[PDB]
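K.L.:
Each chain, written out:
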Amino acid sequence: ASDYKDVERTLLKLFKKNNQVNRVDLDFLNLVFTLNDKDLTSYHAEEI
Amino acid sequence: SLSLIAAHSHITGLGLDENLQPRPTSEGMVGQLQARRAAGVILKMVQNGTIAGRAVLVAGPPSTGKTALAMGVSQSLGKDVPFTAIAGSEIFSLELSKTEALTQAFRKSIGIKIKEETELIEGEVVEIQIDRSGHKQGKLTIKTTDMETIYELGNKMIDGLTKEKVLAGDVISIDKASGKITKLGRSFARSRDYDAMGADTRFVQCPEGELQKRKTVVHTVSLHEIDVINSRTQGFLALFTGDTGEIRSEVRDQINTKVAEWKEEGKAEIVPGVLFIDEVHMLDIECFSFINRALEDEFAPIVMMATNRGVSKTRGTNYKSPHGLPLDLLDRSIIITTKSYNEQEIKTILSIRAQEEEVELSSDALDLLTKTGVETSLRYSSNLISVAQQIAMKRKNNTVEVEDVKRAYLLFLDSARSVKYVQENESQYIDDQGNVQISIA
Amino acid sequence: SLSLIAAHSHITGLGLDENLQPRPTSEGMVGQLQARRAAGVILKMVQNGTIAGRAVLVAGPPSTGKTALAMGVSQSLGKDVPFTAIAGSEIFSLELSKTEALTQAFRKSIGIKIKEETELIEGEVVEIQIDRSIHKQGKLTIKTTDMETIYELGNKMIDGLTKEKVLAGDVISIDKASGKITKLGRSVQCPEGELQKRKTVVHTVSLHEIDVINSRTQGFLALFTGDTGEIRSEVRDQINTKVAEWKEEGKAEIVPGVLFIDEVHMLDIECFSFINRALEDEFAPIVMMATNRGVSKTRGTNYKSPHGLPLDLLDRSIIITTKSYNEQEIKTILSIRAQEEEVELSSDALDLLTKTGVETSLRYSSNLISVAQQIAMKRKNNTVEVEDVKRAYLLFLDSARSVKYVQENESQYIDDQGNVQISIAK
Amino acid sequence: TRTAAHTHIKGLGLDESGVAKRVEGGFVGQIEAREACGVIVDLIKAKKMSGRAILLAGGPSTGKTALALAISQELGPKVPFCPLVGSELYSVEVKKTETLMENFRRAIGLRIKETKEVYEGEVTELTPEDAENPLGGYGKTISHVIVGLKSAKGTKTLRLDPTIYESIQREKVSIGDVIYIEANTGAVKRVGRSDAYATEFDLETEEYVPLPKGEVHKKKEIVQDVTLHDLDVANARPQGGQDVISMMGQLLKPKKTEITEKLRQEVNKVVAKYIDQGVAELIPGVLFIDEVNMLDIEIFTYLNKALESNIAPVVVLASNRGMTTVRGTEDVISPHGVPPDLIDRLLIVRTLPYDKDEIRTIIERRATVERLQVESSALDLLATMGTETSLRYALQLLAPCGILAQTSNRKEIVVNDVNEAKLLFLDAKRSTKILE
Amino acid sequence: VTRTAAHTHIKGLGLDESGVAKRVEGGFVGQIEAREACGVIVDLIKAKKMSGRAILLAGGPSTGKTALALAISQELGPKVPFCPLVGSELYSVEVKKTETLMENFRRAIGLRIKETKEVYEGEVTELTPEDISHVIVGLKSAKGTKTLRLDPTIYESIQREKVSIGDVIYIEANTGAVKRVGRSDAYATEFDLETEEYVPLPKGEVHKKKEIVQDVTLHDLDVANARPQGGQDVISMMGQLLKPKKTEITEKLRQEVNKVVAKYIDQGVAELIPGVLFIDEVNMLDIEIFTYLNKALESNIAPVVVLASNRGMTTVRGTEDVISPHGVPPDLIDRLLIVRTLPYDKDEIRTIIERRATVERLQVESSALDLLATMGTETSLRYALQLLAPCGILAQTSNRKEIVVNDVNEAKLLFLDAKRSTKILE
Ligand SMILES: Nc1ncnc2c1ncn2[C@@H]1O[C@H](COP(=O)(O)OP(=O)(O)O)[C@@H](O)[C@H]1O
Ligand SMILES: Nc1ncnc2c1ncn2[C@@H]1O[C@H](COP(=O)(O)OP(=O)(O)O)[C@@H](O)[C@H]1O
Ligand SMILES: Nc1ncnc2c1ncn2[C@@H]1O[C@H](COP(=O)(O)OP(=O)(O)O)[C@@H](O)[C@H]1O
Ligand SMILES: Nc1ncnc2c1ncn2[C@@H]1O[C@H](COP(=O)(O)OP(=O)(O)O)[C@@H](O)[C@H]1O
Ligand SMILES: [Mg+2]
Ligand SMILES: [Mg+2]
Ligand SMILES: [Mg+2]
Ligand SMILES: [Mg+2]
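Protein chains in written order, with the working numbering: chain Y, 1 to 48; chain A, 1 to 441; chain R, 1 to 426; chain P, 1 to 436; chain B, 1 to 426.
Just to be clear, a hint being listed does not mean it is correct.
List of simulated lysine-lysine pairs, DSS-like, C-alpha gap at most 25 Å [what the hints assert, rightly or not]:
id: 1; chain 1: R; residue 1: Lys176; chain 2: P; residue 2: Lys189
id: 2; chain 1: P; residue 1: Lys255; chain 2: B; residue 2: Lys252
id: 3; chain 1: P; residue 1: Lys140; chain 2: A; residue 2: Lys139
id: 4; chain 1: P; residue 1: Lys411; chain 2: Y; residue 2: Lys13
id: 5; chain 1: R; residue 1: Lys44; chain 2: P; residue 2: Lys411
id: 6; chain 1: R; residue 1: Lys180; chain 2: R; residue 2: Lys115
id: 7; chain 1: R; residue 1: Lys242; chain 2: P; residue 2: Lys253
id: 8; chain 1: P; residue 1: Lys429; chain 2: R; residue 2: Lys297
Hints listed in this document are in silico derivations from the structure and should not be mistaken for laboratory results.
Chain Y with its partners taken away, still in its complex shape:
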């Protein structure tokens, strides 16, 4: 499987150029909220 590492890097590099540019941060807009339960408090959230 070591012989395929160069191909993997090439494909990842090819896909990253398009992937990074035209994407919207769903986490930034609070579309992802399953991590919020770990570091936030209910009454703290309502007060903030």
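Dock chains A, R, P and B with the ligands against chain Y, hints included.
P.N.:
Chains A, R, P and B with the ligands alone, transformed into the frame defined by chain Y:
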């Protein structure tokens, strides 16, 4: 609520009077007077909250208001009353057993209203002065919009302050029970100090009122949610993922004991709800045999069941059944029957549908649609309504007429005409044996 | 690819001329004139690449070279082009859905060639100075056939060469862009020109491989382990649109290939239903199907079917039919097989083997050749004589003789009802 | 370019008033079916109704998939269109009901726009400062950092938070490296080294990148189309976290799991909130289920329930069999293999078989799009063959005829080439006869 | 002293140099023709030329199919791989039947390689870290002393092995494994009461190098290249406790392993030892297994698989209307050579009983042995075979060594046969 124009978007609830008397037309429902009376009785039974474990069966032909009656009940119940709507085929899973799926569905229909009392101090820190040799000592001042106070800090409080790295102008909250320190955010006055801001920074106003405040909060959590949370160390993620597995029975018994303890101490309230199972005939005999006992638990919710099949063969058995359900389950079930609508009721339903879809029907088109409904089907006409609207719109005409309905009838077929064509052209369609004449000449 | 001798090793091609007219015996293939013609037409269609989603069925009696034909097509197609030959019993998996497996099978036969130009220095080696901070000062020298010159390193190059611990007087390859360092043995070999060369390396991958590469955090392990799992359809859609964009850009070319299902009679009706649609779409390869049974009940269905396949698929396929070999074709195929297996048969032995294969099966005589050769080896004889073939016939049985033996003594064997007469007496 | 079965179909070929031309958009005939498809396309473009269902009913090789792909082309790339086949619903990781729900939501697109401000350029200075008083902070007491970025249009000196400095330290950025700072989140990315310093060292492994174009601080409004299922996946399997537990979970295969109704409810709430603010808009698409005959009774029942949801695409179904027992049931003979209750919720669009002239025109178009020239006599022979056995047989037999003609170095296919192709490749009826 | 099983007396085929089989050699009686065929097959296997060859041992119950298989395994020797199976084993639950079958296929192909082992062994004298940083450790041996620089993984191993200075350690360079062999003898009197185990200072030089030969199979290489299998690092622990179940190894991994093995053979560091795969109760195999086994037999790298079956005109499992000679579909039957095995007469049964008694160290009177032989002829040979141990137990209970007629009659009266039990049920 996020919604689009749907089939039951026009049913605001059961059109019942104060004495549970149905109106000729109200809240988007027409007819089914006996069924609506029964639904209101069921609603009062649910609201009362004393009667436990009652099964209700709704039977009748398709397109006779079973799902409509259930939707009306759901709309009438409103929030704060659980309402779990599941299909017969939803219980079949590759991860959960059928009994486990039913158990999770049942607990989802019961909600627990738990009260939490919180004591907090919140305010903007004005000055912090720390002296350290021996143990350290220091004084701290916190102000609000209408208060200011100087406090003396213990060693553990100072340690928490240091480990949180709090600075002046920050609004922080301290729980005097545990001493935990949370940084709410920064003041607006410090916003100018930088060009780019980190993810952690937050700008909030200074809290008002007294520095020390007491607040109690009520939380609504279902029994299934409590079991999942209390099973593993990260069950709250499974509450969304659904990969919860078959919770240990000892866990469920302990959770029942805990809920009883809270209710005895008066800090938790039970809000029983309604479980609606669509197409109950898709269940198996094992599921029904489990339901027979499961309906009889003290925490069982009130289960409504809707079926359209008549005397058919029960799944998992080799015999036919009155409704596809075992007699033991029907023994503990009261059956509500529905009757097909007449011409006037179909006319009223079509008028209601036209109003809901903001389509301007004409009287002659309405009569034609009612005639087509009584001849072929009500749902067929309901589906034809929008097609007629689009056909009229294409003709740069803002109103629907008879020609548009005729064109819709010609373009889109119904069940009867489709059967006529398939019987007339049996040679060009594949049959049960798989033979088909693809050639034409 | 070193391997022992198989039953199809002799097939080195499909044996076509310029005019696609097959010769009587070339590249291992005997006869089967129309079958080879059709196989060559399919091969040219694949090489052209302008036609997608065509299914070809190979038809006629079992043991009539349908797999031999498909192998001839694969070999004549050559390398640098995908050709996936999977049995229908490999589709049914407990970890991959049948539809997902069929989708992966279709995508595996569509190749994409992407060119990557890398700057790599290839040189014979000369002494290297690495020094501490005065972040780090270092120099290396490289010798080639016509230059010997010093490079001054930076932080990361120094770190990489320290990690590699490259010696002197040996041979080293360093890539300017990637930064990978490849060691080589001592100078048998020597640098052949400029110190820094500009050579492009071409990478052959399939759509499935790209899908798996982008599938996970370290998904490229799944290409070998096989625990890919059901990939999300949005991932495949993304791969499709990016491949279309790359092809438009001209930075990658597509090499359509051939998918071969050797035992189509094992897929169920659901697999056929998916296959019907999979052929229609673009990027669909050409599927070769082989079946031996005339009319049977399709798996997953309770009714017979004209080839074991539903008529919907039969409408979408073109069928290539194979005639059974004649005595002369049998003789020359046995001659080729004996020559491949390094067996020196006699003329009368060859005639007897021909008649034996004609009477029972070509495969039976083909397997009897090696048995006869080993029998002769016990007699310390080089040439295989008639008595060796007769002893091979007597010691090892064909299907019909074994059937006769079982039929005449069905009491001592276990029957369908589970009865047997173990007792030798009574 | 590759020529698929439905490549020649370029559009529905309708007029502004809805009338369909006899030959347009690659279509031949099927006037009534094309008009019905035009009405359905208008309904989809209206974007008002949810849960409407229609069924494309007809025999094999009539154009059900052709009509579906024509609808997809006519709708445009801004309207969701999820193709499917009935067999794919039978998963081994989760129940078929869950897979139907997942695919069903995929066809509800959402277009959300977000304006983002980014600081990018080449670092020229980096001078960390401590607080004016040692008592001001804790430990290192590191105050703001000053960074100098260079772009094609000038330079700017920025004042950054200590958190941004920590991000800089994490990304290992030195003077001359091209960087990229997002003020939205405080995330720092290291693009690489400037091409100006490409030749600083004659052997070094560094990804040299050009100086960023435009201003150092460019504000752009980003618009993306995301499905509801995308949000569901993001919540179910978030990619955040840098812990060892996070990495171990990342290495795991992304097996499908039964996403609970609660997560969809929360997603619907948040999407409603953002649409209410006007930032985002909902685009109900179309879900295509080919070979609806192969679905199990449970899948049909769940389709019955799915259509009663508040958010639901227009499912279009294809069936090529009549009066066929439903899979998973012993006795229920149904019109198109679809249970009678589901048929009552459907609108059947009947498609009619073709005559010789339509077959002739289709063969003409297919040969044209195939870059193949066909003689009139050979084309009549092909049309007779197709009307004798099947149209699809001729439509596929065009290619071997072209290959044979090329092998004879002829520009157009001759009748002899068609005869030789007939000899080489048989059909279903001829194969059945020869096997008898 | 020793244990006895069904085939403890089977030592070989007993065939001469010319290949003809004596009536009684190697513990076998009769069945000369089958023994000669098996010897020819043994020669075919030993040639190491053909691949995928398959034969069928067709006969009734208690006729000598498993005996022939075990005799072939013994005669070939422990060098070659002989893998017996029942078809029931293929029906795994973790991976599909194809994966198990292919794994068994490549497990039956052997590889013998030469490897050099670098060994260091020392008592420890210094422990310095190069600052997760490299560690510097000093070591001495009876001939001298050495100081070594070890990678951070070895540092973690040493830290997690509770090595002290003055401990004796073993480092295998190939695997990077650190083992604490104990405490040096020089510190035996360091305390009076501790849990230390004292070992003497290793003899010779610190660094040793030896050349071993180790036998591996293709499946072992596949598993090695698929999942982590050893190591003393926590990284290895996490890597191997992740994805614990078996996975469907892809064709690509097998192709790469084949290429590696070909490279090793070409370099001369490896040699190939093709072996045998034995499947018993072949009737248990479903139609899918036979269908894929059709594909594997055509594979260019396959062992000499032998098949045993004992059912006649029985329907094929899975199928409902396929009547086949032995439950084997005609597609696979043409790939097989059928070796017929015949029942036993009275004299051979008597001789077999005599030899079994001699092997299990029993003494049987001539009249008692005649009675046992005639009752085995009446009912079944295996019935007589399993009655021998109870007869010997009975004789001991009578304080008598040799078996007499009374013990045999008592054993018959105590334990019954299947036919007698069936009569009792009726
Ligand atoms: N009581 C009712 N009032 C108004 N409309 C109804 C009523 N019952 C049925 N409908 C109409 O029929 C559809 C709802 O019927 P549904 O409950 O699905 O029938 P069933 O469940 O009995 O098959 C809606 O389109 C609605 O317009
Ligand atoms: N035309 C041919 N020339 C040479 N060998 C052939 C030919 N046809 C078949 N064979 C050989 O005979 C055997 C049977 O062919 P195979 O493709 O396995 O038959 P089928 O696919 O019909 O089961 C194989 O060993 C194959 O190599
Ligand atoms: N109206 C039409 N005009 C031109 N070509 C058509 C038309 N309908 C079908 N075709 C062609 O013939 C084929 C048959 O239609 P298709 O949808 O594949 O049939 P099926 O009902 O089997 O899915 C299509 O793939 C297309 O290439
Ligand atoms: N020819 C023989 N010579 C000596 N012992 C035999 C012979 N045949 C069978 N046996 C003994 O009896 C047992 C039955 O033979 P077995 O190979 O199991 O029969 P099958 O495999 O045909 O059912 C063997 O295990 C062996 O111990
Ligand atoms: Mg309903
Ligand atoms: Mg074949
Ligand atoms: Mg079709
Ligand atoms: Mg046996």
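K.L.:
Does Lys13(Y) lie within 25 Å of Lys411(P) when you go C-alpha to C-alpha?
P.N.:
violated (45 Å)
K.L.:
Against the 25 Å threshold, does the CA-CA distance of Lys180(R) and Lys115(R) hold or violate the hint?
P.N.:
holds (18 Å)
K.L.:
Can the restraint linking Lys242(R) and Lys253(P) be considered satisfied, given a maximum Cα separation of 25 Å?
P.N.:
Measuring from Cα to Cα gives roughly 23 Å; hence the hint holds.
K.L.:
Would you check the hint for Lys140(P) and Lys139(A), treating anything up to 25 Å between C-alpha atoms as holding?
P.N.:
The given pair, whose Cα atoms are some 23 Å apart, holds under the 25 Å limit.
K.L.:
Between the alpha carbons of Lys176(R) and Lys189(P), is the straight-line distance 25 Å or under?
P.N.:
holds (23 Å)
K.L.:
Verify the proposed pairing of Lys255(P) with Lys252(B), using a straight-line Cα cut of 25 Å.
P.N.:
Given pair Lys255(P), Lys252(B) holds - Cα atoms ~23 Å apart, limit 25 Å.
K.L.:
Just to be careful, I want the Cα atoms of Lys429(P) and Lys297(R) compared with a cutoff of 25 Å; is the pair within it?
P.N.:
holds (18 Å)
K.L.:
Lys44(R) and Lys411(P): Cα distance at most 25 Å?
P.N.:
holds (17 Å)
Of the numbered hints given earlier, the model fails hint 4 alone.
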